[PDB]
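Whole structure, please, built from the sequences with the hints as guidance.
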Amino acid sequence: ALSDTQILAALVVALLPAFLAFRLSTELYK
Amino acid sequence: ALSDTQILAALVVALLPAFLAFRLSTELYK
Amino acid sequence: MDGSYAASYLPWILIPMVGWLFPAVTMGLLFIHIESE
Amino acid sequence: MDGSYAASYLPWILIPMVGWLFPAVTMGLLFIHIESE
Amino acid sequence: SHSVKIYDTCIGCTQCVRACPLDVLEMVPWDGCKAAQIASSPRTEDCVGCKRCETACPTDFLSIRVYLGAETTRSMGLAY
Amino acid sequence: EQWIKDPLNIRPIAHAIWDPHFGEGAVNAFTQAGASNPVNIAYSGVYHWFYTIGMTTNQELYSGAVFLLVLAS
Amino acid sequence: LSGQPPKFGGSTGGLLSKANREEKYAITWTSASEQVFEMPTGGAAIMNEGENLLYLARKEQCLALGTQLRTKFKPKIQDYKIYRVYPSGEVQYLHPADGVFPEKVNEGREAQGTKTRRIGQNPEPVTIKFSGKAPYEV
Amino acid sequence: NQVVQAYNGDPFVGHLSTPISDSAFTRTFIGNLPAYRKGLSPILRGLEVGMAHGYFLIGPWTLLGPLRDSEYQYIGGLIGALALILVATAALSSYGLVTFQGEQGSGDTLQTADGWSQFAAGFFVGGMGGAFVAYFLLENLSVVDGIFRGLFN
Amino acid sequence: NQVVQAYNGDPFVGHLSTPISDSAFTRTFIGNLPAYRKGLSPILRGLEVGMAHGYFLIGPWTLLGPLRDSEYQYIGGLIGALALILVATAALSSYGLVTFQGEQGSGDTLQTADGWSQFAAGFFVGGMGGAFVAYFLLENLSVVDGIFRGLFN
Ligand code: CLA
Ligand code: CLA
Ligand code: CLA
Ligand code: CLA
Ligand code: CLA
Ligand code: CLA
Ligand SMILES: CC1=C(/C=C/C(C)=C/C=C/C(C)=C/C=C/C=C(C)/C=C/C=C(C)/C=C/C2=C(C)CCCC2(C)C)C(C)(C)CCC1
Ligand SMILES: CC1=C(/C=C/C(C)=C/C=C/C(C)=C/C=C/C=C(C)/C=C/C=C(C)/C=C/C2=C(C)CCCC2(C)C)C(C)(C)CCC1
Ligand code: SF4
Ligand code: SF4
Ligand SMILES: [Ca+2]
Ligand SMILES: [Ca+2]
Numbered sequence: 002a003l004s005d006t007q008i009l010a011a012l013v014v015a016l017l018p019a020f021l022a023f024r025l026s027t028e029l030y031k
Numbered sequence: 002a003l004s005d006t007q008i009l010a011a012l013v014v015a016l017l018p019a020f021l022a023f024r025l026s027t028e029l030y031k
Numbered sequence: 001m002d003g004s005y006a007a008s009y010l011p012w013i014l015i016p017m018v019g020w021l022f023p024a025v026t027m028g029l030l031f032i033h034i035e036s037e
Numbered sequence: 001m002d003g004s005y006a007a008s009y010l011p012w013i014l015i016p017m018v019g020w021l022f023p024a025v026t027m028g029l030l031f032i033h034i035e036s037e
Numbered sequence: 002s003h004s005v006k007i008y009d010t011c012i013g014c015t016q017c018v019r020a021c022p023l024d025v026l027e028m029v030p031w032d033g034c035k036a037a038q039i040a041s042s043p044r045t046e047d048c049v050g051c052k053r054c055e056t057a058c059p060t061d062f063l064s065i066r067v068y069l070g071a072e073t074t075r076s077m078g079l080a081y
Numbered sequence: 075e076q077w078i079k080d081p082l083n084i085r086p087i088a089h090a091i092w093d094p095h096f097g098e099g100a101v102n103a104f105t106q107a108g109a110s111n112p113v114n115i116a117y118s119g120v121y122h123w124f125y126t127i128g129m130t131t132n133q134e135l136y137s138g139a140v141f142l143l144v145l146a147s
Numbered sequence: 004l005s006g007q008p009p010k011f012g013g014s015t016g017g018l019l020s021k022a023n024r025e026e027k028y029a030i031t032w033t034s035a036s037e038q039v040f041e042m043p044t045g046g047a048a049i050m051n052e053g054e055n056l057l058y059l060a061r062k063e064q065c066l067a068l069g070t071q072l073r074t075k076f077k078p079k080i081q082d083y084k085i086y087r088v089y090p091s092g093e094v095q096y097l098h099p100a101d102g103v104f105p106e107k108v109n110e111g112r113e114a115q116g117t118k119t120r121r122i123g124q125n126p127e128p129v130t131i132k133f134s135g136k137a138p139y140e141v
Numbered sequence: 005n006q007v008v009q010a011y012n013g014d015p016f017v018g019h020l021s022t023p024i025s026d027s028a029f030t031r032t033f034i035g036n037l038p039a040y041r042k043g044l045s046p047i048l049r050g051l052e053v054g055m056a057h058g059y060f061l062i063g064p065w066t067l068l069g070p071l072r073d074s075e076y077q078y079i080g081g082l083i084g085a086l087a088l089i090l091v092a093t094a095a096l097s098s099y100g101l102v103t104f105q106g107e108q109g110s111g112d113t114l115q116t117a118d119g120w121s122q123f124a125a126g127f128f129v130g131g132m133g134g135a136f137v138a139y140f141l142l143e144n145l146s147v148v149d150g151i152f153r154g155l156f157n
Numbered sequence: 005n006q007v008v009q010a011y012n013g014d015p016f017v018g019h020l021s022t023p024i025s026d027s028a029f030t031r032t033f034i035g036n037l038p039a040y041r042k043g044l045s046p047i048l049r050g051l052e053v054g055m056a057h058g059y060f061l062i063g064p065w066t067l068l069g070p071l072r073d074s075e076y077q078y079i080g081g082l083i084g085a086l087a088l089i090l091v092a093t094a095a096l097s098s099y100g101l102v103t104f105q106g107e108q109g110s111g112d113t114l115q116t117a118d119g120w121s122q123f124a125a126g127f128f129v130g131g132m133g134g135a136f137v138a139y140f141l142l143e144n145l146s147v148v149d150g151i152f153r154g155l156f157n
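Chains as they are written, first to last, in the authors' numbering: chain 9, 2 to 31; chain m, 2 to 31; chain i, 1 to 37; chain h, 1 to 37; chain c, 2 to 81; chain b, 75 to 147; chain d, 4 to 141; chain l, 5 to 157; chain L, 5 to 157.
One or more hints might be untrue.
FRET-style restraints, in silico, Cβ to Cβ [unchecked claim]:
| hint | chain 1 | residue 1 | chain 2 | residue 2 | range |
| --- | --- | --- | --- | --- | --- |
| 1 | 9 | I8 | i | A24 | 34 to 40 Å |
| 2 | L | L145 | l | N144 | 17 to 23 Å |
| 3 | 9 | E28 | d | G45 | 46 to 52 Å |
| 4 | m | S26 | L | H19 | 38 to 44 Å |
| 5 | h | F31 | 9 | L12 | 38 to 44 Å |
| 6 | L | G18 | b | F141 | 45 to 51 Å |
| 7 | L | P23 | l | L141 | 52 to 58 Å |
| 8 | L | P23 | l | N144 | 51 to 57 Å |
| 9 | m | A2 | b | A100 | 24 to 30 Å |
| 10 | L | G63 | l | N144 | 55 to 61 Å |
| 11 | d | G92 | l | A94 | 37 to 43 Å |
Derived from the structure by calculation, the hints contain no laboratory data. Here a beta-carbon is modelled for each residue, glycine too, at the ideal position from N, C-alpha and C.
This is the structure we're talking about:
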């Protein structure tokens, strides 16, 4: 099986592609 | 012991020093 | 807080009023007053 | 919908958000955006 | 505003008028000393009350006095 | 009324505690000097002074309190 | 209020809401040489060639700036003017109120703030009781 | 490539144009909160501010309160939240009575006596409504759980 | 030492300046009720007037009603109070529709059609909110008693 906190760790790690995707898409919008 | 209505009688009597203290303090404020 | 003495409901209503209504009303009126004009 | 896997509350909160909050917020922002100026 | 008063014992040494940060004071002509000048306080609504003018006065006791009073925006040194 | 029976044994109660913050432990701890409510033990010595100057019933103290309300008025 | 502003990068020390609700102060000085001064708000700036216009929030900051313009520069900048500008719009003229700096006797100023006695002959508060005055101003 | 300029091109105001204070996302987000959004009447922005805080204030006493270990767990939280929204609206209206007595312009519709009174009214309605709707979701939590999982569908 | 002068220094208006009608306490108190307080928008003064009456109207049917001797004692009082606030707001809005149809000035923001409509809206919101909050305290009376005495603390 898999741990409870590994899922939340994956979520807080994937918060970094969220920020970088937001900033890349904003910079493409220019 | 003491009565239930003697306490409320004391409260409605002490409503008179409340009014006179309010009016004395207002008159001192002049 | 049971009250064995006479008129035990009277502290029940007067501790909120002297604890909240008297401070909230007095500080509200004084806040309107010291900052008026 | 019981969840045997780890963090079963996580789909419980993320299916409403991706189903409603993401569409309502995204269409609201895009509706303000495509109709601005 | 604070009131800055200058008394007869001024020797016109100019120390107070250049020790003052806000330049409240200024020297005016006078006939009562060798230096032929006495400090005046024209723009005394700009006095903050720092008393660097009293600190710089050499005459004893003091030829310049600051008398702290009704505070304002200018006399409290508030940038906000 | 109770204190002027045996003033050596009973502690004089000043007034009653009424605050909504008390837990069960504080209510049982502050129930003292023969009361049901939580009470404060009087250390001002007004009980001894009232007992010495001849006041021996709650009605005498109530009449004194109303009289002093009228005097303050 | 003519003058290009100094090349300053901005700072948190500076003009609060006091500047656009009540008075703020402008110091105007002219220098030939470009150099670096310490703003009393904190930092360092660039003196432009020619006229400068620096907006500050206190008169003490303007006079502290003018003081360091006078004493910290070998080509001393003494033609500095301090204004008090209001958000309503009008501009006052404050520090060199006469022609010459306050240390020098202009011979056309008026002796105000001068008492005709020393502190020993100051009246005493018992004489002026309930008069609405105080022992200096009598 | 400097990212910290002065605020709005003014180098003597006491503010820097940092990536948090004066970014594009911050301008579009802070400038679109109800306190700053353009064109709204004060009643609707006060209403939207109020609900965001009534829904918030339910939780702290619900999970951490004198009643959190009894059967009236949510009623104590709701009572505490109504107490806090009551004193919040009293403070808001007192602030309106105090600050906006000298006559001012209408550049912003919120910074005036009528505007702040509308804001306080909207804040009260929204705050008590948000508090009661969070109480209603929390009290009927079995129902919300069952409908999000599909126990009744 | 005369305490009854004419009203506002005018000896021909039909009013006396008695210690009840025109005292300092009366001026500061009547003139600071929501119907007379300065600077308020009509929505907030209507809201404050409304809550003072919704909280009031709960009691008479709760303690003296056809349902006062049943298990739905407070629901009958709440239903009666909503009926009364409904007809009160209908009367208020009808009064606004009737009185403020001929165009008038804006010396007082409450005595105009938009102002009275805002007052009626605020009165409705406040009245129903005060009625429901008095119902919520009365229905959850064991909880309020226990938290004021300390049965859960
Ligand atoms: C001297 C007055 C005094 C009194 C009487 C109280 C009493 C109370 N405190 Mg408080 N406290 C006080 C001073 C006081 N405190 C001070 C000075 C401090 C700061 C150190 C605190 C710090 C403190 C904290 C941090 C907390 C308490 C809490 C409690 C409450 C415990 C039970 C509860 O859940 O209540 C629930 C709340 C209430 C009963 C408030 C009244 C609100 C309801 C809705 C009644 C209003 C009715 C209606 C809406 C308006 C009617 C209008 C009227 C004219 C008819 C209790 C009522 C606890 C709590 O739950 O607080 C919410 C708690 O967490 N107190
Ligand atoms: C992909 C996302 C998705 C999800 C998660 C849902 C889920 C749901 N649908 Mg839906 N549906 C969707 C897409 C979705 N649907 C689409 C695309 C269609 C169109 C074909 C439909 C068509 C459909 C119909 C026609 C109906 C459902 C209904 C249902 C609900 C069944 C249980 C119920 O009574 O809920 C009750 C409702 C809710 C839980 C909605 C949430 C409202 C509460 C008050 C939560 C809000 C909390 C608070 C007020 C705000 C909080 C703010 C927050 C920031 C904290 C369930 C929640 C049924 C239903 O009852 O709908 C109401 C039903 O009749 N759906
Ligand atoms: C002291 C700190 C503290 C404490 C103890 C809590 C405690 C709580 N918060 Mg809170 N909160 C806090 C601080 C805190 N909060 C802070 C700092 C904020 C940010 C400002 C929040 C924001 C927040 C939100 C936004 C919500 C909570 C919720 C809750 C509750 C979740 C646990 C529970 O049993 O609810 C049971 C769990 C639920 C009821 C989950 C429901 C979640 C939503 C409604 C379902 C998804 C539907 C979707 C949003 C529908 C909207 C769109 C649709 C209309 C189309 C709990 C009482 C929830 C709450 O109050 O629910 C009533 C919740 O929604 N809080
Ligand atoms: C007998 C007249 C009367 C009555 C029934 C009320 C009734 C009420 N007013 Mg109040 N008000 C009055 C006169 C009165 N007002 C006066 C003379 C002033 C002018 C200073 C105010 C100014 C005032 C403010 C600024 C606000 C209220 C609001 C309220 C509501 C709940 C809070 C409150 O005051 O507790 C009930 C109070 C009493 C039973 C005693 C009333 C007498 C004092 C002077 C009230 C003072 C209020 C105080 C400044 C702040 C509220 C304290 C409260 C939160 C504990 C309620 C409808 C608040 C509200 O919810 O509005 C939307 C609000 O924001 N009032
Ligand atoms: C036909 C005449 C009549 C009748 C039968 C009643 C009957 C009732 N009234 Mg009412 N009332 C009337 C006329 C009448 N009223 C008049 C003429 C007015 C003046 C305009 C009032 C003003 C009045 C008030 C202001 C209140 C009552 C209350 C009540 C109830 C008290 C008895 C009970 O079981 O409540 C149980 C007793 C309580 C719930 C006591 C609670 C008292 C407060 C809320 C606790 C103290 C907390 C404090 C105020 C918090 C505020 C500040 C805080 C936020 C910081 C009862 C249903 C109370 C009520 O509706 O409560 C829901 C009450 O608060 N009435
Ligand atoms: C089909 C249209 C329709 C419907 C759904 C309603 C619905 C409503 N109106 Mg109404 N209204 C309408 C047309 C309608 N209106 C017309 C044509 C007039 C112009 C004369 C009014 C004028 C009117 C007033 C002045 C007020 C309402 C308000 C109300 C609300 C509750 C009271 C009520 O009227 O009972 C439900 C009524 C019906 C189902 C029948 C509607 C048709 C008649 C003509 C309504 C007449 C209302 C009457 C003058 C006073 C209300 C009576 C009520 C208290 C029993 C409710 C939302 C009141 C409210 O709460 O507003 C905040 C309010 O103050 N309305
Ligand atoms: C996102 C984000 C954020 C935020 C956070 C959060 C978490 C939020 C919160 C939120 C919230 C907090 C929300 C809430 C909501 C609410 C609601 C939605 C409510 C509603 C209400 C209602 C429903 C009401 C109504 C009513 C009733 C019911 C009755 C009474 C009256 C009235 C009418 C009013 C931040 C900043 C970080 C930034 C980033 C992003
Ligand atoms: C003092 C005085 C007086 C008076 C009397 C009395 C006794 C009064 C009454 C009072 C009252 C009668 C009060 C009341 C209060 C109320 C309240 C405080 C309420 C609140 C409300 C709320 C809470 C609401 C909210 C909401 C909700 C909940 C939901 C729905 C919606 C809304 C949002 C609205 C006289 C004249 C003699 C004069 C002298 C002094
Ligand atoms: S410092 Fe004193 S002595 Fe010197 S000029 Fe000023 S007042 Fe006169
Ligand atoms: S107190 Fe300070 S600012 Fe005022 S005149 Fe003296 S030295 Fe100048
Ligand atoms: Ca507990
Ligand atoms: Ca019956």
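Outcome of the hint check:
1. Taking 34 to 40 Å as the suggested C-beta distance range, the pair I8 (chain 9) and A24 (chain i) does not conform, at roughly 47 Å.
2. Against the hinted window of 17 to 23 Å, the Cβ-Cβ separation of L145 (chain L) and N144 (chain l) comes to about 21 Å, which satisfies the hint.
3. Here the CB-CB span from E28 (chain 9) to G45 (chain d) is close to 33 Å, at odds with the stated 46 to 52 Å.
4. Checked against the hint of 38 to 44 Å, the C-beta distance between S26 (chain m) and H19 (chain L) comes to roughly 29 Å, which is inconsistent with it.
5. In this structure the hint that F31 (chain h) and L12 (chain 9) lie 38 to 44 Å apart at CB is violated, the actual value being about 29 Å.
6. Between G18 (chain L) and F141 (chain b) the C-beta distance comes to about 46 Å, which sits within the given range of 45 to 51 Å.
7. Under the hint 52 to 58 Å, the C-beta atoms of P23 (chain L) and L141 (chain l), about 54 Å apart, fit the expected range.
8. Judged by the Cβ atoms, the range 51 to 57 Å given for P23 (chain L) and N144 (chain l) holds: they are separated by roughly 55 Å.
9. At about 26 Å, the beta-carbon gap between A2 (chain m) and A100 (chain b) stays in the expected band of 24 to 30 Å.
10. Taking the beta carbon of each, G63 (chain L) and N144 (chain l) are about 28 Å apart, not inside 55 to 61 Å as hinted.
11. Between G92 (chain d) and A94 (chain l) the Cβ separation comes to about 40 Å, which falls inside the hinted range of 37 to 43 Å.
The structure fails hints 1, 3, 4, 5, 10 (numbered hints given earlier, in ascending order).
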